[PDB]
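Undergrad: Okay, here's what each chain looks like letter by letter:
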Amino acid sequence: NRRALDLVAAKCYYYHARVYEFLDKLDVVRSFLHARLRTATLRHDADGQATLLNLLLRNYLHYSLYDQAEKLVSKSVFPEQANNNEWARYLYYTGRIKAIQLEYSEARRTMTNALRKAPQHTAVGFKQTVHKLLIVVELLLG
Amino acid sequence: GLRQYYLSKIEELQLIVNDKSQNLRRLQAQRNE
Amino acid sequence: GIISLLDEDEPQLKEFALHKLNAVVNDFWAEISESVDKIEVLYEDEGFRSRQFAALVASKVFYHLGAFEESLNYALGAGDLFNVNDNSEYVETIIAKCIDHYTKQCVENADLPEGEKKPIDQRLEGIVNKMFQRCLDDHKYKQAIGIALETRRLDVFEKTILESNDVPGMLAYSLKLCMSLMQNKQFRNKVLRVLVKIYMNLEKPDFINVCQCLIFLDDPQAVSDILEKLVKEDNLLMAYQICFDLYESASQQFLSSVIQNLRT
Amino acid sequence: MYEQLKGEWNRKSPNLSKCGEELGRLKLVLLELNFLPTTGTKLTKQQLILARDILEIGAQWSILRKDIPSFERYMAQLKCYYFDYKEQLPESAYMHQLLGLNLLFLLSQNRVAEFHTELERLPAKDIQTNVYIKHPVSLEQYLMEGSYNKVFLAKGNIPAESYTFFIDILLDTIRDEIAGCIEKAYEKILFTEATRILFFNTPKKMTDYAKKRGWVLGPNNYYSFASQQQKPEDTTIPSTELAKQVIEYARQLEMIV
Amino acid sequence: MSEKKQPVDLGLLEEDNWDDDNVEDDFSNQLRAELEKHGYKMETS
Amino acid sequence: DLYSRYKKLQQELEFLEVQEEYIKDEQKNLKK
Amino acid sequence: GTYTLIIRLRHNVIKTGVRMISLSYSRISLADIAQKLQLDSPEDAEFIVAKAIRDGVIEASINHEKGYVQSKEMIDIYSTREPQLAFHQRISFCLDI
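Protein chains in written order, with the authors' numbering: chain A, 199 to 340; chain B, 19 to 51; chain C, 7 to 270; chain D, 1 to 257; chain E, 1 to 14, 40 to 70; chain F, 39 to 70; chain G, 390 to 486.
Treat the hints with care, since some could be wrong.
Dumping the calculated DSS-like pairs for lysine-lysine here, alpha-carbon to alpha-carbon at most 30 Å [said to hold, decoys possible]:
hint: 1; chain 1: F; residue 1: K66; chain 2: B; residue 2: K27
hint: 2; chain 1: C; residue 1: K20; chain 2: D; residue 2: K27
hint: 3; chain 1: G; residue 1: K404; chain 2: D; residue 2: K155
hint: 4; chain 1: E; residue 1: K66; chain 2: A; residue 2: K325
hint: 5; chain 1: A; residue 1: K223; chain 2: D; residue 2: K45
hint: 6; chain 1: A; residue 1: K223; chain 2: D; residue 2: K188
hint: 7; chain 1: F; residue 1: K66; chain 2: B; residue 2: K38
hint: 8; chain 1: E; residue 1: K4; chain 2: A; residue 2: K330
hint: 9; chain 1: C; residue 1: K124; chain 2: C; residue 2: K20
hint: 10; chain 1: C; residue 1: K196; chain 2: B; residue 2: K38
hint: 11; chain 1: E; residue 1: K5; chain 2: A; residue 2: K315
hint: 12; chain 1: B; residue 1: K27; chain 2: C; residue 2: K103
hint: 13; chain 1: G; residue 1: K404; chain 2: D; residue 2: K231
hint: 14; chain 1: D; residue 1: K66; chain 2: D; residue 2: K231
hint: 15; chain 1: C; residue 1: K136; chain 2: C; residue 2: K110
hint: 16; chain 1: D; residue 1: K155; chain 2: D; residue 2: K12
hint: 17; chain 1: B; residue 1: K27; chain 2: C; residue 2: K123
hint: 18; chain 1: B; residue 1: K27; chain 2: C; residue 2: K20
hint: 19; chain 1: A; residue 1: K330; chain 2: G; residue 2: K404
hint: 20; chain 1: C; residue 1: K196; chain 2: F; residue 2: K70
hint: 21; chain 1: F; residue 1: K46; chain 2: B; residue 2: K27
Everything labelled a hint here was simulated from the structure, so no lab data went into it.
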């Protein structure tokens, strides 16, 4: 029964991650997220294939392991419903993943699209980082 | 029983139906005008 | 990854590796999908001991990958390891797609079962009828009475009309569904024929709708026979009623034919 | 449950094929407990601290006897333990030396994605110190462009060990690459100059290298292979794909989309 | 409406109508005045 | 009932998409 | 967290320098390329220029016996097929929008 619970729970298990982020372990958060992902994406299409992916990737990189196998084969690449807010950070993450592996041609376009998807609000927290990378990688490419 | 299987199937069909309905509702207007 | 030591020949070391992999696959399905073909090599070696175990982990991998046809292939290959049916979403979704593949193939063979079919895996029809029996014991007979149509299999239907339910209710329900929704004569006539004789078998001979069924499929001789039996009951009342119900809906040609059977 | 590894043949003469027993040792250590901990029986280090040894000495013997797949296996397991559990001792002593060796091997087999990918997971030791690790990245940086004299100078400078096993392969894959590149740099070379720019001396090796390629000689002369003009002055393939392209323009221009 | 929030690392501790050209800042590395270079170069020769 | 929840859904799926065809042809004839 | 990306920028710098040198002059001895780009050695500049020629960075030839590098002259890019590709690449975009 998730004709509302799903899009209500998204925010819930988005703050849930922040709770552990500010404190203790994250590995078992990864285990839980991995389970929860196939707990979804099997009830036909239910969304969350956007938020859970970003939650999984947020600190998968922070632990400094650049696994990419599942990202090229991920079936949740295309939730298509992101409210134009999830899509930006998802594209940023996949762009940095692609750029760290000596691939510069596609990272520029994808992450420029990600940056220019950013909203108009005064806060510039993540825009600082995306700009910084978006110009390092352009110096690298030719 | 086997209710879960049936639920899954019926849910999938109903989820699909709405998109089609929508994409046809717009089409009717143009013809009418 | 530990899959490295899958390159060793020793079966004991394989039975260490696989029994880690099947316990951890949930979190590394993509990284193991990089090499699952090697597990198919272990499945191919009929000389290999514990051969059946590789099929389960391979099925888990391909399930995680969405290669559900391959998942079903190796689920069948792992066979009796699917004696568990009662918990994991893995088995639930696999048996659901098993139902789907089986019914679609049976509908294909509803043209002709002798139509040079791909030989049926006994494991497939095994687990499908096992889940059907599960549905029977759960008392959820309203599922079975429906699914009996989509297997296109008549004997299980002829049986399971007798169950914990009262026969006439489910029987009339099913006959109504058939007359309303069944898409083609090829199956509908078989279903009607195989069922309606129950009304001559049931402790009350319920001729009233037997006339109906014998005019939806024309058989003047049969209805003339049951009419003659009612006549030889020396009771006219039902033998009157059945025939006046006949007259309101039978074809003029049908009556002009059955007159021959009745007169001689 | 015994310290069989305490009877480790080493000293100055470990020549004996330890593998015959080593295999039984690895089999028994696996048959014991916690070959890969996952999460269990924490604070027990005898099965753990020993395993690191029962893998480091294995990998060193592996490099000595040229068993590339076995070395890859040992690398994998040791790279697992080195990182996964941080409740253990500092390990150390050989961690950096081995990591540098692994990076060197990645460079040797001409994979440049993995070398960059695995440069990560090191906090700051790339420039902090770790000469065992400054050498591989410096060699990679020199190799990325034409700077090759420094490469050969450094091939005689390894603070770790001989490393002839990989720097050899490197020498071969530099010889063939330079032979390929000189084919178009310039029109003519002198035979002495050609023999000296390539680092080999004057053996029959130069003659054989020329034989392996073309490099037809002249009177102290090397002819340039010259063509570079086949591609130009062509329109028919353009005259077809331009037609395809213009048809594609007109396709989605008037029909309702 | 106007949710406009991002989680982490807000930082930094808190005109010209002529289109920008890179070259302007290149010689901002030095050569403050053509004057100074010419004046203090010509005297030598 | 639970079987009709499948049959009726199949029937609406069948009936829809034939609605598409006449409108698709009609817009063509109209400008003509 | 960006030291690793920018630590590999030396090759881009040397490519830019050699391309600028190629575009500026037409015939220059390598006894001055090293001094201008401060490589502290002239001999390896030959290898650097050779690698540059390999990748199509510049089409200049080199007389090794002499030492000077001479470059070809390629003008009139308007007749080349590339501007048509450049126009097509954005015709597609303007039709899509």
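Undergrad: Give a verdict on every hint.
TA: Going through the hints against the structure:
no.: 1; hint: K66(F) - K27(B); verdict: 37 Å, violated
no.: 2; hint: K20(C) - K27(D); verdict: 12 Å, holds
no.: 3; hint: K404(G) - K155(D); verdict: 26 Å, holds
no.: 4; hint: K66(E) - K325(A); verdict: 47 Å, violated
no.: 5; hint: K223(A) - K45(D); verdict: 23 Å, holds
no.: 6; hint: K223(A) - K188(D); verdict: 66 Å, violated
no.: 7; hint: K66(F) - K38(B); verdict: 21 Å, holds
no.: 8; hint: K4(E) - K330(A); verdict: 21 Å, holds
no.: 9; hint: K124(C) - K20(C); verdict: 34 Å, violated
no.: 10; hint: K196(C) - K38(B); verdict: 37 Å, violated
no.: 11; hint: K5(E) - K315(A); verdict: 14 Å, holds
no.: 12; hint: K27(B) - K103(C); verdict: 11 Å, holds
no.: 13; hint: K404(G) - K231(D); verdict: 27 Å, holds
no.: 14; hint: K66(D) - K231(D); verdict: 47 Å, violated
no.: 15; hint: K136(C) - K110(C); verdict: 18 Å, holds
no.: 16; hint: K155(D) - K12(D); verdict: 26 Å, holds
no.: 17; hint: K27(B) - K123(C); verdict: 27 Å, holds
no.: 18; hint: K27(B) - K20(C); verdict: 40 Å, violated
no.: 19; hint: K330(A) - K404(G); verdict: 23 Å, holds
no.: 20; hint: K196(C) - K70(F); verdict: 51 Å, violated
no.: 21; hint: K46(F) - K27(B); verdict: 13 Å, holds
The structure fails hints 1, 4, 6, 9, 10, 14, 18, 20 (numbered hints given earlier, in ascending order).
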